[PDB]
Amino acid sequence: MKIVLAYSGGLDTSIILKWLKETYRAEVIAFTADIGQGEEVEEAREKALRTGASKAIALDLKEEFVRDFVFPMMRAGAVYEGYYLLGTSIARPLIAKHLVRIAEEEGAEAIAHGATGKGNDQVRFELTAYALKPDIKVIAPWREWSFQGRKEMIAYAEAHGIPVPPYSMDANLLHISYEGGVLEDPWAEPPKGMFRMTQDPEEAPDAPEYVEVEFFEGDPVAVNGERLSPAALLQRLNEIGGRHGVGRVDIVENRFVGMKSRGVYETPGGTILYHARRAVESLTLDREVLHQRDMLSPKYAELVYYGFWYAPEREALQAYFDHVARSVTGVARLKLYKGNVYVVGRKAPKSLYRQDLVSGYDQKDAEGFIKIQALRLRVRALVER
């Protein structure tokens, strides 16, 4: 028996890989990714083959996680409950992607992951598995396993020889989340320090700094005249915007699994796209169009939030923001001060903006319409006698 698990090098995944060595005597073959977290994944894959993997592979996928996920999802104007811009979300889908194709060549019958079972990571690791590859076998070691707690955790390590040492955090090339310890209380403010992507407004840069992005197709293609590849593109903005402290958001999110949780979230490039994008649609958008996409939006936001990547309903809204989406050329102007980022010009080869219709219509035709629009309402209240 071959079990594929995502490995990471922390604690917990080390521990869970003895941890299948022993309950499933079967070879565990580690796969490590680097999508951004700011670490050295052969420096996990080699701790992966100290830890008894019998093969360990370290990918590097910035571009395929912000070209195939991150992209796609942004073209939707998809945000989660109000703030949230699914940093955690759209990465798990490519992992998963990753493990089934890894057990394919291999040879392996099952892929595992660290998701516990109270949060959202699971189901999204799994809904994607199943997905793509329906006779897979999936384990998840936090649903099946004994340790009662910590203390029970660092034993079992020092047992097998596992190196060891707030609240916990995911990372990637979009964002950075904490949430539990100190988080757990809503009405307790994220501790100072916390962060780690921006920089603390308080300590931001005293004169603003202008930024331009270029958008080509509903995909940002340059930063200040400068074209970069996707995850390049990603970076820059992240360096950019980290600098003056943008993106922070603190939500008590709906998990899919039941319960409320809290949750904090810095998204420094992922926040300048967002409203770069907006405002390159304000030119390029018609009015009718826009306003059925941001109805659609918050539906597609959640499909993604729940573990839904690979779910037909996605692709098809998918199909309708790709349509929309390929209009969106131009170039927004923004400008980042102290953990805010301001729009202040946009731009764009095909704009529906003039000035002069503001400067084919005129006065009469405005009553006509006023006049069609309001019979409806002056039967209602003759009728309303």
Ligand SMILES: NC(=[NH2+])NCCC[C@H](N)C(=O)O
Second form
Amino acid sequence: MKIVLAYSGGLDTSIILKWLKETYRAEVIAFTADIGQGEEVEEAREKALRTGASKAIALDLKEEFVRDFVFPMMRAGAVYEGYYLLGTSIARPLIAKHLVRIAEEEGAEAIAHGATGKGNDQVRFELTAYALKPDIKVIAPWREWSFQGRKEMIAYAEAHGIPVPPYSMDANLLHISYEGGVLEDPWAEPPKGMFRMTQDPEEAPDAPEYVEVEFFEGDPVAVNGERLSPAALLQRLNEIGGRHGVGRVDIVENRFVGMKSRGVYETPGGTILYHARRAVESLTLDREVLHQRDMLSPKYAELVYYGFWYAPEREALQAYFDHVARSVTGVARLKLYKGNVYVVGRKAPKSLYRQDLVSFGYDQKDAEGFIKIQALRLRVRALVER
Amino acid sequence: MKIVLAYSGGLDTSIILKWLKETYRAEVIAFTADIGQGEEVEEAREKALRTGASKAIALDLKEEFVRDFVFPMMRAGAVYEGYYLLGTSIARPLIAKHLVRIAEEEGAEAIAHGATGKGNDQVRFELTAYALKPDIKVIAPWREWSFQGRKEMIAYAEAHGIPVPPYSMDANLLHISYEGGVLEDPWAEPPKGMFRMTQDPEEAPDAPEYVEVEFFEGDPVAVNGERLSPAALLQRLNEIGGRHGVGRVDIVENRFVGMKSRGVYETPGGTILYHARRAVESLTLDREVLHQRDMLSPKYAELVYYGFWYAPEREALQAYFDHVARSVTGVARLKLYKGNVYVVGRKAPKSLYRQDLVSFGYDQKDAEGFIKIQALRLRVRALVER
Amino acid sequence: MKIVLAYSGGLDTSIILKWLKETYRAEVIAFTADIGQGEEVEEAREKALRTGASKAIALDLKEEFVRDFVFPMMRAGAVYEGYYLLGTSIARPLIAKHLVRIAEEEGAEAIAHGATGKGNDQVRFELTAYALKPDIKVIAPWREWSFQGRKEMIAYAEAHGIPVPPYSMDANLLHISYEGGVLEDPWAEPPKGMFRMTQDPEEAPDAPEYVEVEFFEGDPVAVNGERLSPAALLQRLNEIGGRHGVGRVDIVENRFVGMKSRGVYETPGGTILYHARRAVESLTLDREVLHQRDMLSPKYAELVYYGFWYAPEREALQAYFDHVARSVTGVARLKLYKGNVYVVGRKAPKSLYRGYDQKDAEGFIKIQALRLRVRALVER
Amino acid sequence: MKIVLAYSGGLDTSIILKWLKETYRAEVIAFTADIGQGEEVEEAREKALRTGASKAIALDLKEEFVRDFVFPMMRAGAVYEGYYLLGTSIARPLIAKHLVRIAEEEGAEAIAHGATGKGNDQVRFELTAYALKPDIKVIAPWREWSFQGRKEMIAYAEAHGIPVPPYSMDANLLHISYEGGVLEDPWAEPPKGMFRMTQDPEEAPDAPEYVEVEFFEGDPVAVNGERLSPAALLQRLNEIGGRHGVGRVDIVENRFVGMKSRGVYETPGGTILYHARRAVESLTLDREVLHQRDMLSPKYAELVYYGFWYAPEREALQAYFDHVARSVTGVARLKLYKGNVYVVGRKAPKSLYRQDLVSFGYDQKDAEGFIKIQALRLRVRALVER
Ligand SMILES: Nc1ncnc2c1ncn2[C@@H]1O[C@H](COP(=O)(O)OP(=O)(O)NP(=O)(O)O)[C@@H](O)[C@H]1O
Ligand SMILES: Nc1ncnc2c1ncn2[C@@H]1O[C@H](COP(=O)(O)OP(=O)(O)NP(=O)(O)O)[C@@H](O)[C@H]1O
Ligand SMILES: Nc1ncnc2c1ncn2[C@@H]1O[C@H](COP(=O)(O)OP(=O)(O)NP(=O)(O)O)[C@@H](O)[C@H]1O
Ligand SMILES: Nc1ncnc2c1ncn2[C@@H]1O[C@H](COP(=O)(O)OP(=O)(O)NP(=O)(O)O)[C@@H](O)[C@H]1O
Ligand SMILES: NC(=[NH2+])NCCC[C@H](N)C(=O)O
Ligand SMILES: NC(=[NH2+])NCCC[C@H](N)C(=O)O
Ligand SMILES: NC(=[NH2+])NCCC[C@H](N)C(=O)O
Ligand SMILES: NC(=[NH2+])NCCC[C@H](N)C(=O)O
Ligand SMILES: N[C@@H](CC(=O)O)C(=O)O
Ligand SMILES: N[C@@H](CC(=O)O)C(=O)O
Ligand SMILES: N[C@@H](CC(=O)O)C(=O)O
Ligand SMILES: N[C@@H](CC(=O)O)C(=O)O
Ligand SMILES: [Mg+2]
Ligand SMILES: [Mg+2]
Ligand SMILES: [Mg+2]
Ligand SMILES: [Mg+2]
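Please show me the structure of the same protein in the form solved in complex with the named molecule, now that we have looked at it in the form solved without the named molecule.
Time for the whole complex; same chain goes first.
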């Protein structure tokens, strides 16, 4: 039986690559995707044919990632439990998508990933796979093998002949994530030097830096006047924001599978994009529309976090968020300074702001009528209390 | 006829005190509330008598303000349109509450305030006024008089001999807000040296400062180990946070009255409390409870912003928020550095976090069944789409 | 000066037509819409000319009504305060839309309506008017004149030769509504014989009647196998449902302008459609999509009731509802009997009705239980 | 080893009792609850002993069922997917609560139930058990045994001296439900004569019957002037409403385990109470409160349906609903006629209704200002759209 493996190029997926050959004695098609992890994905591809893959595939998926996943999510203003911008959550559906596609092209019966049985990724990968190909066979080695510890895994590796080697990490164009190890103690500050994508606030420039982001119908299309494709734009903003230490979050989140987990996230580009978007929305979105959208964002966020991307509830909400987002067109101007992102200006060709309505269609005495009617039910209530 | 005027002590409220006497020929009882504006109310009170008041009352309400208004609102995690912590919003109900109390004591048929017809404050004062005493009469000189300009107003002061003197501002224990004037241009960054409560970040200490906040049953009770009363506690956090330039936001908000307005706000202590509270909630609140609470927070916020404090909807939601907040007991550790507030640690007597659930509560197969069940409907969906 | 008046042809708008000519010394263009009130609109158009209108317009708007207002609203499962199917609510935006359009074509600076200052219709008419044409001028005589009672109004009409003929009523293709007068005491049952569109349940047929309604992509397209246009379909279900006394509701509602009001509504066709729609949705909609939808429906309902039809919020929610409703394709089979509507069958081309093993269930449960056990252990 | 078995008395639980003894080499303590299923619980209690239980407990939990489970739920206006009044759903938590209680008193380490692995009841039984006693062991035979059919199960029963006997049913004081078998075809109308608790409308009296229900503080306390205890009251309304064939529903619902299923429910008393409650709320509840409440009701309904009764989300929402419900005091008058329940009147001591404001607290002029303010943002949008 052929099996398509989400191959990362590291120890575990290498061990998994042989484990699959050994255990199932199946033909293994490896798949590595470049989503901005900062790894020469082609090496991964080499190491896979080298580990025994009957075929290895690598694809530059950066643009599709930002265009078809990050952007639609940002359009919805998705924030999980107040701070998490879903860096890892949104990338998983993209990977599983290709896994299933490849499996259908290779006539492969199953797909495999090395997400552990303790996290959210296994759900994201599998819900995606089952949603796209209900008959797909899934193999999650971490839930099926006997290994107990890394000593045993290192051992097993040293065996078969797989090169071997404080916290776990997941990185992509949207963010870099840290959790586990020394991070597992909620009262322990993260260790100095851990952050990779963002410069340390204290080592951030002494002079603030201004940046402008242009949005067109809900999506960012240019930075400082330079049009940039989805991936190139997130990249650019990561560079600009990174140098200033922007986008660091430290939270104890609730995992879908039931337990709390301490995670640390750095999302420089995305964090600038989040505040810039709300800046443009502040002029282009109607009051009542904004208030409704915001009360739905959290639900959409958990859908993403839990793994329900290619799910009807999420696609339905997407219709609402996309409708609203289509009006978000304009430019936000932000000030970057030692870890902070400050909105200092915004403009829109179709801005709903009118200074003439605030400076000292509006008539003061109308306010009295407004107030009286609004107060009626309250006045009746009081009178009944007598 | 008697009129209880919410007298702040400045030009406008002085012009209004005179106006009320000439227009209604009634006794004008002035009431000035100390809520942290940084004015010596007792001075406004004597000036009120000088200006013509038949009786001037001054009351220290910082404790009532933080305890009975700011705290209940904070338990709800109230945040208007993404960034506004509602500093001015929760103060108005307190003031109105007293105007009506005094009127009832003085045998006054009416109360008066100097909020304009273009803003939200008029609604806040009046909805609480009518909600508390349905038969009360409200006079809002700004909606009734003829002054067409500032100059016309300065002249009227002189005619009656009242002391006379780029943006408007409101300051209390919770924050200091700025809007209007040069701020009316949303593309124009606020002027240097505008902020008053928070030191400017570029001028804040070079070394981060750590602060710890203890929450008992939903409310903050101590700072760095020192137990403090509500007002004293907010004060302490303003000092600490201000020194670091924390809690600065710049937004274009939607007023209840219909138009957008560019607002700038500095909420040092409140911003530290916002994040400290969530840090403690991250260990003490159940996942689902949290997700539901966050989708309701925005609604409660709009209620406070619009002026529906003493309204049955707000009081109802308050019952839910208080029920949830009751479990928020623990300590948050945050790092303050040049305008930013970072959560670096948190602990709680009844933390729901367990490292044993993440260290490498169920076994591997459990996750598989959970996944199969969760995917069932997605697979049926896909099969039907055949 | 020209004023486009929403003229229904009765005493009030006739008086209003006279009042406007003299008070504003303007030319009045009358507009009467046929939305299924069961009245000859042409008669109204003629009476308007006799009353003094410089021009009178009458349009058959039943198809536009059901297709562009009733259908989109139904796709949303809109129900105000648990019972009100919003019969009068969704109709007002339609009328005002035409008032503003006619004003545009006739070069009229203002429009007028005879909705009183204590109801919801004035808000509905004006919010839509202002929304579609921001600088339009609106005149609501009930808010501007000073008639001190009916007596004085009858007198005024008699003076102008306007013919002067226990509760207030409103009727259109969607429903017939009753409120005020003898109905103002919420403890009192409506009087017998008050109902018009529906047969009294005690007088309904002794045999039940089965009906089948087909929905295509969120909209009902046929009844008992016969394809029918929007308006014709609502009419057919009103006949079928009405004969059986279906769709009667008695509620005390909260008006947008602040007070409670006791209302009685008969919506035979819309009531059948409401249950028929959910019946088809029960096979075609996903569980989570359905649950989210139902939690948003009430907000939409209040938007319609309040008069925010041509408002961005309602338009945004409509995008969600329409997206969801597009899957509603199938047939609902209902049984009608003396006042009641019983779903009795349903089917669909893409039904989601009918894999794992009992074992998977244990895992699902263990994982779902985890946070609950932790909470318990902590409580010690 | 001791095992507390939720013993109903039928073939399945008798088989399970014997199965448990030999499979787990343990003694079984049988528990039969009287929740208005219309059976003699003492006979089941005695049959359990004959089947081999070491001890058999039988309790009349009717009053607790209505007072502590049904009323709280109704207070929330809980309705699942438009029509299900949750008759079976709210009874399960009550059963499991006692199983865990009895296990602790008897020193039993585990509990057992005969709910199948493909239904919702397993989730309801187990989630409440684990929530109340985290270390309890749960044994669900349907998910563990090797019986391969009904034929084998009958032979096993007959071999163990257990007496052996178109759709499946569940009956209790709140309703009677039917599903499976012939009912599995969603296009087929239920068979004639299926209903039990309610008379067919065709056979219901030609004379309508008026019934009045008094609500005190969110709960029904009297019927036609006669004070009745919770269980006695539900019983009375089932009798009155049942004669008129009120409360029948036919739906295809979404199960928590992932699939859809056709269910038929008859809830005479509950249906009368549902409309009676709303009738009383129409006079006693504030507009904004009601609207917020109805938007949360569905969520609470799914919690109950899924089995999250003794769960923090549910108890938090219960705080909101109970707050709101406290104001629900008055009497509702309904007319029952051939399958229907018609509200014809309502009155309340603290009714918020005043015909003082409808017949011909403000004047039409206030209405004008109200409209203008409300329309401002819509007008701005139109001008901007040009
Ligand atoms: N770039 C990729 N291409 C293909 N599959 C991937 C890729 N990245 C991750 N995966 C899949 O995800 C599983 C977990 O990946 P991994 O990079 O180990 O994340 P992690 O568990 O969050 N952190 P770490 O502790 O560093 O392993 C792997 O076993 C892969 O199957
Ligand atoms: N400390 C106070 N004690 C009593 N009444 C107050 C107090 N502060 C504000 N008010 C009331 O609020 C109205 C508006 O107050 P004001 O201080 O002018 O706020 P502002 O409109 O936000 N900004 P500005 O006037 O431009 O400084 C006043 O007329 C008072 O009636
Ligand atoms: N069919 C129609 N065509 C044009 N305008 C209409 C039409 N129906 C109603 N209107 C407008 O709506 C206002 C109120 O109409 P109306 O028929 O009096 O309803 P009502 O106030 O609910 N009940 P009633 O007690 O019968 O007056 C009228 O003054 C008209 O301006
Ligand atoms: N009154 C009760 N006392 C104790 N346990 C009960 C009681 N009622 C139900 N149970 C438990 O619930 C499981 C399922 O009960 P049951 O009455 O068979 O419901 P059902 O599955 O919906 N329908 P059916 O078996 O077709 O009549 C049983 O195996 C029992 O363990
Ligand atoms: N160190 C890591 N690899 N972290 C990955 C974090 C994933 C994040 N907790 C999520 O649920 O999406
Ligand atoms: N410049 C000022 N005085 N601003 C007061 C800001 C009040 C703030 N916009 C609010 O709605 O509460
Ligand atoms: N008797 C009448 N004319 N009733 C009109 C009812 C209108 C209904 N109350 C609404 O708000 O839409
Ligand atoms: N025929 C039966 N035994 N039905 C029990 C129905 C239970 C119902 N489906 C529920 O989810 O609560
Ligand atoms: N990637 C980690 C964490 C997660 O999936 O949430 C794991 O495999 O467990
Ligand atoms: N206090 C300001 C602003 C506001 O009330 O929103 C005014 O009186 O207009
Ligand atoms: N149509 C009625 C009722 C309403 O508008 O709600 C009126 O004009 O008053
Ligand atoms: N009681 C049935 C159905 C259900 O629980 O939903 C079963 O045991 O499967
Ligand atoms: Mg890993
Ligand atoms: Mg002012
Ligand atoms: Mg009328
Ligand atoms: Mg059974």
